[PDB]
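Below sits a lone chain in structure tokens, taken as the form deposited without caffeine.
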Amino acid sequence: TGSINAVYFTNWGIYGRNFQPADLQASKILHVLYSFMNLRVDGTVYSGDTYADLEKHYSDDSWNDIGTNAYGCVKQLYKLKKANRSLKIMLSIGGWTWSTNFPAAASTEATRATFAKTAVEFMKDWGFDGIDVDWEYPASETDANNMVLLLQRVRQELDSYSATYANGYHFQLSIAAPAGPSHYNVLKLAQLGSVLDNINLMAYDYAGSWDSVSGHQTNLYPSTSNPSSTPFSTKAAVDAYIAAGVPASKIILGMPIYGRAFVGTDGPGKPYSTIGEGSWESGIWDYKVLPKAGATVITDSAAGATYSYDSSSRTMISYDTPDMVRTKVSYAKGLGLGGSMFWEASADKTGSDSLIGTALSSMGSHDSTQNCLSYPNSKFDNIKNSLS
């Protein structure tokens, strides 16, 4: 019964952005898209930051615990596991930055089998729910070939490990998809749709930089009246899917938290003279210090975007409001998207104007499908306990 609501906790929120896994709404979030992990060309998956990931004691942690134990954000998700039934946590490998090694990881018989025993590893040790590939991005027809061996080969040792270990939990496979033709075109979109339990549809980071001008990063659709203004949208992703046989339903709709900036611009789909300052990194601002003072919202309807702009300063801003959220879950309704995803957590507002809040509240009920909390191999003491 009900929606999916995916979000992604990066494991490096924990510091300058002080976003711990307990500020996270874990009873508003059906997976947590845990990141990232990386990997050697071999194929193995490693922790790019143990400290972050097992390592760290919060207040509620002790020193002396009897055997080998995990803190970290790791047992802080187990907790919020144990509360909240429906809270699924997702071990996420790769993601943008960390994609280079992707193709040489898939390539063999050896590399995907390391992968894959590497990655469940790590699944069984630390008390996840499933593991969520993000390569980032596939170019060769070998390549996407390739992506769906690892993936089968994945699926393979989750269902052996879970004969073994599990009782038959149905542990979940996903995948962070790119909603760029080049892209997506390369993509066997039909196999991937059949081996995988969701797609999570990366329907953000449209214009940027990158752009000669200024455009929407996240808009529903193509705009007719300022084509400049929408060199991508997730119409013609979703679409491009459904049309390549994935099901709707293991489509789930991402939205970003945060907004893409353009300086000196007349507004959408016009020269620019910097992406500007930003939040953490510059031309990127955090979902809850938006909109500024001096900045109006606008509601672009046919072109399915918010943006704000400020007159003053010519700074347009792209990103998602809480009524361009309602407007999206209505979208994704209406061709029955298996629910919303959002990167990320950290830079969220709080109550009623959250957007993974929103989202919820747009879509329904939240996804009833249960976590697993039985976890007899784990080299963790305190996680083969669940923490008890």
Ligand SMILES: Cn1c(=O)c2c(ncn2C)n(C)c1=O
Contents of the next structure:
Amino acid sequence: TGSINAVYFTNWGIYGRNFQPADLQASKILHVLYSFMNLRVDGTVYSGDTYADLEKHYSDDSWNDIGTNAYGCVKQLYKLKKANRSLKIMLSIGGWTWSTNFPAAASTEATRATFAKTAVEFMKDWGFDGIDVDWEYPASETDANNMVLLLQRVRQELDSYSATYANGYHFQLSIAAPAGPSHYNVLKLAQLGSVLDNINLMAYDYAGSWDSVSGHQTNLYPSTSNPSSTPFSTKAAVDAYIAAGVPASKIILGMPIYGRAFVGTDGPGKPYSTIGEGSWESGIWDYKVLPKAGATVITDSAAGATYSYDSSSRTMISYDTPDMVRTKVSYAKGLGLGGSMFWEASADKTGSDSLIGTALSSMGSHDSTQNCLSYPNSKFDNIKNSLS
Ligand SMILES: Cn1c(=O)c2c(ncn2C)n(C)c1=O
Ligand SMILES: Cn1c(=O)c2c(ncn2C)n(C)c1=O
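Here we have the form deposited without caffeine; I need the corresponding form solved in complex with caffeine.
Okay, now the whole complex, with that chain kicking things off.
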């Protein structure tokens, strides 16, 4: 019953962004994509921040617990799982920055087995509900085939783990997927659709500093009036995936909780001086600070995009408004897509202007699939006891 509402939570969001797991709208999210784990060329998955993942003590945490115990974001997320049964926690591996070793990690039966075995080990120790593989991106036909083999080996490991320790609980397996044809045309889409529970389409980052002209970063449709503003489109991607034999219900529509800026520009599809400053890096702004004073919010209904434009500073910021999220959900419903996904949690507004909340309101009811609260093989005593 219901729709998927998947949200990236970054483990570095606990520093400088001061965004802790407890701040999530846990009752409005069915999948937390907990990001990221790193990996070696030999397939070994590992924590890139044990402090954030496991060791940080929140005000509730004791220093003198009996045995070996999990703290950090892991314990915090598990707390949320107990209180919100539709909340699945996914172990996200790789990502934009940590995809360099994927080709090698997927390359042999031995490396794929290591990746399986180490990934599931984290899942079963940390009390998570599945694995999300974010390989950006397979380059060759060999990589594409290896990706399928890797995912099948992970599926095998999840199934065997579950038969032994989870009474057949169906742990989940997903990927972050490209909306760029140069990348999705490499993938074995039909095979991916068969093996995976969900395919989270990264329907954003269509425009930025790498473009000669400003553009819409997350538009639904090609612009016929101003095509230089739309180098990509969600529609082309979704159509390609569905035509390939990917079940629409497994496709989850990614949406940005941030804006991409073009400073010193006449508007979409123009010349721009610089991407300018940002919230945490140049040219990217947290949704929660948009729109800025002096900027007007513009809707291009034909392209299916919103953006702010400030004509005095000649600054365009490409981002999704709540009413853009509503429009996108309506598009997704028409195609029978499985739900929504967001990058990333910390930047969202509160109350009704939350993009995460807006999406769920538009979607209707939340995915009823129950999480797992039984981890009898966890090396952490508190996790094995379900924090009871
Ligand atoms: C760094 N990074 C990612 O790694 C990523 C993403 N969307 C999906 N992934 C995996 N976004 C927007 C991102 O900025
Ligand atoms: C072009 N691009 C990026 O530049 C990017 C990203 N995620 C993070 N970054 C930085 N994605 C998904 C992306 O398509």
